[PDB]
Amino acid sequence: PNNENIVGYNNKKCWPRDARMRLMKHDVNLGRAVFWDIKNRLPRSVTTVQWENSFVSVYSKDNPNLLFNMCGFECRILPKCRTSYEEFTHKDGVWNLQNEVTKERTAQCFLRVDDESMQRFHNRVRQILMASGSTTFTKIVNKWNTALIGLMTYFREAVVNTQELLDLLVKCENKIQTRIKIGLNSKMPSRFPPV
Amino acid sequence: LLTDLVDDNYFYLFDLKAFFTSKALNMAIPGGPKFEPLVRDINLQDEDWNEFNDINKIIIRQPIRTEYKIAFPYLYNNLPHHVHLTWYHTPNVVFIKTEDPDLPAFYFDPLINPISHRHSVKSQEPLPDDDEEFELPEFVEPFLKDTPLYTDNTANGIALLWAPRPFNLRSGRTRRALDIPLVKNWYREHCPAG
Amino acid sequence: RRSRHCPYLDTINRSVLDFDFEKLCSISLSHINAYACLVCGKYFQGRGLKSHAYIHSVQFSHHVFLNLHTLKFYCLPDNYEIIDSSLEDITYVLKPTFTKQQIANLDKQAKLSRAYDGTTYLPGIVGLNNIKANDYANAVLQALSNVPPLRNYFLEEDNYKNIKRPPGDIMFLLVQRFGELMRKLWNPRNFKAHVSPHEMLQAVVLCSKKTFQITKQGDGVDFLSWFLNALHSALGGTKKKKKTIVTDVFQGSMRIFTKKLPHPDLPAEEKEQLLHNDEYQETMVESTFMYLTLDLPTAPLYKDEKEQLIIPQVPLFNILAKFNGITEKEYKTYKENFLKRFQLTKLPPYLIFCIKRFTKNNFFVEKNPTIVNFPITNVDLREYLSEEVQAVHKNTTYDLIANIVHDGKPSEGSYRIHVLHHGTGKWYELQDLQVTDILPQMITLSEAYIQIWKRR
Amino acid sequence: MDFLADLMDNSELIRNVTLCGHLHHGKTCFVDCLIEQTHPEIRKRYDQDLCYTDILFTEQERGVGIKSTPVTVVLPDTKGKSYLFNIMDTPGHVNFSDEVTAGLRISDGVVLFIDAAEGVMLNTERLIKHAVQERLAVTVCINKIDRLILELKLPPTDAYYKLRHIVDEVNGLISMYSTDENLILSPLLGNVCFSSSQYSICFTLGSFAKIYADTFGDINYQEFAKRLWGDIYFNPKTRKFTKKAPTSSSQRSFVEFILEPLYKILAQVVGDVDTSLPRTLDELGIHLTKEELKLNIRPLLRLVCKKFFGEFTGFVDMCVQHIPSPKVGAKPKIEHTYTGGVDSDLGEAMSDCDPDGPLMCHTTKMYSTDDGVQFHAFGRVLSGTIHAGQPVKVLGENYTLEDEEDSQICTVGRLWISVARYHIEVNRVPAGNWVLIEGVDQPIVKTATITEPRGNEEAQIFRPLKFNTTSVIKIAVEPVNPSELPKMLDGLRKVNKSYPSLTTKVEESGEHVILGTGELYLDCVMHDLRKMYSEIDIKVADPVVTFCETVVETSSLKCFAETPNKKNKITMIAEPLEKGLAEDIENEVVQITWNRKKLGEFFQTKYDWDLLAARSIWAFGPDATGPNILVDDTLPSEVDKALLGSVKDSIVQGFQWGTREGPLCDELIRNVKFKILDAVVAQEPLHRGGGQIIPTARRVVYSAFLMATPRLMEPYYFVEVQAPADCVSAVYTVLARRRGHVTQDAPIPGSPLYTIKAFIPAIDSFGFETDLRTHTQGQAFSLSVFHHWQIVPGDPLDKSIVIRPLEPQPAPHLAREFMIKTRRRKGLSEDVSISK
RNA sequence: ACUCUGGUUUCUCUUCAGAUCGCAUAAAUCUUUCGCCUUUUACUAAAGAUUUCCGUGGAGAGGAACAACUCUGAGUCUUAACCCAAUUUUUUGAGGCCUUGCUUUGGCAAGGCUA
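First to last, the sequence lines map onto chains C, L, P and R.
For what it's worth, PDB author numbering labels the leading residue of the first sequence as 1120, then goes sequentially.
For what it's worth, PDB author numbering labels the leading residue of the second sequence as 245, then goes sequentially.
For what it's worth, PDB author numbering labels the leading residue of the third sequence as 100, then goes sequentially.
For what it's worth, PDB author numbering labels the leading residue of the fourth sequence as 116, then goes sequentially.
To be clear, the hints were calculated from the coordinates, so they are not data collected in a lab.
From the three backbone atoms N, C-alpha and C, an ideal C-beta is built for every residue, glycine too.
Just so you know, not all the hints are guaranteed correct.
Stated by the list, open to error - Distance ranges between label pairs, derived from CB positions:
{"hint": "1", "chain 1": "R", "residue 1": "196", "chain 2": "L", "residue 2": "325", "range": "51 to 61 Å"}
{"hint": "2", "chain 1": "R", "residue 1": "920", "chain 2": "C", "residue 2": "1312", "range": "46 to 56 Å"}
{"hint": "3", "chain 1": "L", "residue 1": "430", "chain 2": "R", "residue 2": "197", "range": "48 to 58 Å"}
{"hint": "4", "chain 1": "P", "residue 1": "380", "chain 2": "C", "residue 2": "1127", "range": "54 to 64 Å"}
{"hint": "5", "chain 1": "C", "residue 1": "1127", "chain 2": "R", "residue 2": "154", "range": "53 to 63 Å"}
{"hint": "6", "chain 1": "L", "residue 1": "272", "chain 2": "C", "residue 2": "1258", "range": "47 to 57 Å"}
{"hint": "7", "chain 1": "P", "residue 1": "339", "chain 2": "R", "residue 2": "515", "range": "43 to 53 Å"}
{"hint": "8", "chain 1": "L", "residue 1": "264", "chain 2": "P", "residue 2": "401", "range": "55 to 65 Å"}
{"hint": "9", "chain 1": "R", "residue 1": "515", "chain 2": "P", "residue 2": "103", "range": "22 to 32 Å"}
{"hint": "10", "chain 1": "R", "residue 1": "625", "chain 2": "P", "residue 2": "309", "range": "19 to 29 Å"}
{"hint": "11", "chain 1": "L", "residue 1": "264", "chain 2": "R", "residue 2": "389", "range": "37 to 47 Å"}
{"hint": "12", "chain 1": "P", "residue 1": "309", "chain 2": "C", "residue 2": "1292", "range": "46 to 56 Å"}
Whenever a hint applies, use it, and build me the whole structure from the sequences.
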């Protein structure tokens, strides 16, 4: 009666206000109804599904964007008919979803690196840097290279649109370079050649 | 070194209370200062789309500027915490300064708009019917008949009323030279154009 | 004038008639002359022309209405009163009326009350609704619900309506609304098997200084203490009413024997020298109590001798070793230690046990998981009473009637109560709206938090 | 205060006075002067202006009066006879005219405060019109006369000219609004005070002549006051006053005897305190201590004027000789406000104003406690005596002799006599007084009437306040936490109680709505609702005005509707009303209570309406004074009038409902004439019940309105701007961007400031004052009030119009966007099909 | 026009500080949020709580200088030429008699008579 279905509702804060799910009354009620229906058919003793750890996204007249997070990729699909004037292929991380039957493009998946994977990579870099008191420079740089390509070859198309990840990669790279520099000499160099 | 202002209407939305409200609202007056966001850094800044925030129900005529949100803070934004209500208005001080001291202190200078007496306009007001019964005693006169209407100190004294604090008071307590900011009233005003 | 000629009686649907909501107009937000539609179940403004109820009547073709104040039925499109014996059930649900004959025999009858929806229920066993996890309030109210004398005092609105109230007082909202909730709980002709105390919750929130809010759960013992004190204070009138219903039912008397202890580093000879001073000698303080606070022994810190952690077990008389002349309990304040002895002097007709399950350690708040083994049918407290007060108190046997049980971590606290239905040996566990028949043996296996006992 | 209590029992020594005027004209400062007169321990600070009535923290911080503050003091007159003054300090801001209206109801006379430097401002004219229409005595108090001396520096002749011009303009306004000849205001008649509340100056001609008499002696101050104004020159040779100037440079008696001494007093202090001030004070009989001559110029002026002018007696003379006592003014008060009128038995009993009799107290204001939990009703005791601990019957606003359901029995708690910051706790209050009543909060919303619980059944209620302005600004409110909705609803009902003009309603979409008069009004409402009362965080939507719907052409199709049983058919058409007819209906020029003959004569004479059509009028508007007309145009030869009249009430009610809630939006229907052409009525009375006719009447009203070319009407504000000569261009520039056109830009006589009058849409007026003050460096100040409804440009029903999400629409697209977004906010369908 | 009232300035000291101590405005420390981050010492900038410092007011106390000069307040704030009375007292026509009631008598009460 007090319209509190919007309080605990989770949506993707990674996207702008007009890009994430719009929390109307009808569609929030529909999403909570869907989650309740799915949770009903699962016995509590056998397993459970938590609303807080779940995300429910709708697409209606009042929601032009469909949101989901699959395998570390945060994707937002936007049909060409909704809010989409025309297609731009200049952006690298936008997938041109194409209707197979009509051989025509109908939607665009806007890819983005999930924040959980961001935090995982940042924690991996922190773990590498912490275990570097006795570690040689070659081993530190090898661990950096391994983690960095494991991240990049996975999110090859999704990093570019993810501006928060670009700033994180540079920060972590500079952090490990500073680690090597301070391993060399205590005082920081004014300029240190990249060679 | 002084300020030509006669009232504090010049500092509308540009005073201490207005700047306190700005800082507490994480908002920047165009000529005012800028501060880091208050303790409510992420209180409701990233509120998502809602049926109450629905832009489809909002009629746009003129954008709600920061000045609107500071002049009427409890109306034009949500969560107005640590917000000070600025002074609404003071009646326009209409003091007319005199350039030539030779002119009389009480004088109808051209700046004042003329008053239409409009005696020819139909207007009837009660009259004593020329009753000769009432005659003033020979020893009664208007008050202060001997004293003149104005002296050479009248215009200067009147001008001292509409003066900044050090010069509008005839006596005070001495202050150390450190405590006197001679330019504090310069940056408190709006920065000149160009 | 054309009563008994209304053709809209069949239009009334008793399923949606829920009077648990606040009596305010759906548009004008006015409590005055609130009219409840009997077709849609909503509240409206009034009977007159250009009123919200009148407009609603000619809009949705809802021709039957009920006056929530005067208990009268009206057909606003025609504006004539409806008087019939068929609709008398609705008025009873809205404003239950309990006579002395019904009140006296309310504890000696056993029949499944019939609800409109088709689900059977019982009066006094009705489970309350949860609003943002307020299970502590529901448990406390159900514990007070099972108390016969307080219920009978609150089942009659005239028992406290004609008392004097201070002009600025708001504590009386906790009395009349509590009586309304008691009447609703014991309603034998309720339309549903559950009662939702929205107005009662608003009264609790308003009377408190924003304490025990509906949104966030609170301590059961603290809420019960505040509720009992407010009921005693509100019913005290514009004076010091020493003997109220709450005082006569729950309040007892105990004697406190306090002996201050010197600093531990003080030598024995100097300790004996200070023993001559009255500061470190016994001091008698006789203070009445609203409830008895029983402190559990510290939970086991290791496993047993068989490498298997064991749930602590304590007899009821072991935690009842307090409140007697033999046991001396040390009170370690932040400054000095005291040896405060307790001596029972006046057993109340109904005794309330408040086990201190939650204590705050040096860093956080922990819950004691100790399980108390207590017989629920025969406990004698004559031994704990003094020889001077055992003669006047010829009755000491107590029977458990309610047991509030807290389960889970303090943050994710869950409150359940095992009530005893008077007139039958059955015990009912009340978890939120769910009523479950629980065998008498299973109650003692739960973490008892608040208990109420009857002398009989 | 025992003498104060004993003065209450004498209705002849009681004055119920309302202080009214434009914003910042010295009303509050005047009440502060009166309190300083009566309370020796309460003294204004040297620099900070004491604001004794401004008890609200919002009033103190904003520096603007917001709510009325009652003050009950014992003020002696010129002859030393003490009276009992009930003084209402009404706010001067145009957005808070509701408090002024509430004060005027429980008052018998009006003291109008006008700034001397300023002319007759917008709120001055509005309150003059309101007080005249409320049938109250009008007295002018031209305040801030020090401005003409220390600020404008005008010669005394020009100061007299400015004061005379102000008096002439006020007299012209009163003559235009009223008809009574004896309403002429002039200081000779004693209706006008000249005062300076900053420097504690207050005098009439009588009081200043009394000063002469006390100083010189052997002078009839009453007869001397009749010469101290107008073109009555004084001849020193003959010691007599002549209408002809004896000399070329002879001054008026007012100038020579009043304005010259005032100028000399205010000029020997501001400029010559150091030398020749003690000589002047000795010449005036004023003695000041050594430590009092060391004060600054402004406190010195205040002290010197307090010594020279003493107590405030000219104001008391004005309010005693011209403002009638409760006993004298009871009869017009009952004739105007009471529903039953003076003809009823109680109406006759009210005119006696007997302290012992039928208790009938009318309350128009409600003041909240410190915690905000409890409200105290405030109003006038018009008959009988109320007592503490006494049960009362508290009639509502919908209470009538038939229903008797809006009333409720309550026990009166403690009673108080309210004087701003402190209240005198009393045990009883006789008739003709103002009393604070507790224990009566719950049944009272807006105005109310309090009577004895038993023994009085003839007792009707008093007519509710007819506010001078309509609350058109609407804002939606929602809590930040949806779980705290009950707290917000309690706060909404509290602010509804505490604001006479506030209107809190819930739309069909569950959106809570607050109706206000302006930006400052709703800002204060929201500040109260957040800080006090609800004590919770609340979200505010962007302000949006409320629209009205009309028709610009007659319907091209004879719309028809049928009852569900299909036994009744109504044919109706809708056409626009004649110009000025809706305004006349709203202004209560013509009433539904008029007999058909006079109504037909008025419509035929002043509107050229045919006698057959003029006498067939059935109902007016959504309400009794609504701006819509229902005309029964059915030919008697075709439909039986007696058969048709059997369902007249039901079709009238359906018409009122349909005009209340329009087809296009849930908005009022304005300026539409409805003609009943064909009305087939069933004969059996079971099939022609209200529940069948009323929905059918509403549907046929909707169909007739929709077929006729519909338009949206928006509220337009009237704006008065005080700006200098160089700031007029900036005002023009600001008004251009907001669809505002200027109707008048005239210089203020006696001041270098100009006055620009313009009409601005109320939806483009948001932030208009802020923009005007920012663009003019604060030199242009404006007040906006609702004036009239105007048709929104464009076609509301044009489905080809495309509305952009966050872009202002052009002029042709305004109506369509307004209707669509209003429907979206209300929660209705996307668009209205003409079929429905 | 009467009599008593009895300072101002300055240097110290001791305490109390609401109040814009201050119509001016510093620094340090601690605890939270950040910003830089690689460790001290510096910091970034907001909030909260402290301390110090540059100053300030009132009162109290003790010296010095002009100690001799007067204030203010109180006290009753104290005087004659020529001119005057229909609303309260030195110019004011206000007198007497009788009746009857009544008081223990004296007297009182009312009315009448005038000139």
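Right, here's what the structure says about each hint:
With their beta carbons about 54 Å apart, residue 196(R) and residue 325(L) fall inside the hinted range of 51 to 61 Å. Hint check: residue 920(R) to residue 1312(C), Cβ distance near 52 Å, so the stated range 46 to 56 Å holds. One distance hint, 48 to 58 Å for the beta-carbon pair residue 430(L) and residue 197(R), holds here, with the actual separation near 55 Å. Our hint of 54 to 64 Å for residue 380(P) and residue 1127(C) holds, since their Cβ atoms are close to 60 Å apart.
The hinted range of 53 to 63 Å is satisfied by residue 1127(C) and residue 154(R), whose Cβ atoms lie roughly 58 Å apart. Range check, residue 272(L) to residue 1258(C): Cβ separation about 49 Å, and the 47 to 57 Å hint holds. For residue 339(P) and residue 515(R), the Cβ-Cβ distance of about 47 Å falls inside the hinted range of 43 to 53 Å, so the restraint holds. For the pair residue 264(L) and residue 401(P), the supplied restraint of 55 to 65 Å holds, since their beta-carbon distance comes to about 59 Å.
Checking the proposed 22 to 32 Å range against residue 515(R) and residue 103(P) shows it holds: the Cβ atoms sit about 27 Å from each other. About 26 Å separates the C-beta atoms of residue 625(R) and residue 309(P), a value consistent with the hinted range of 19 to 29 Å. One distance hint, 37 to 47 Å for the beta-carbon pair residue 264(L) and residue 389(R), holds here, with the actual separation near 41 Å. Restraint check, residue 309(P) to residue 1292(C): a C-beta distance of roughly 51 Å satisfies the suggested window 46 to 56 Å.
The structure shown violates none of the earlier numbered hints.
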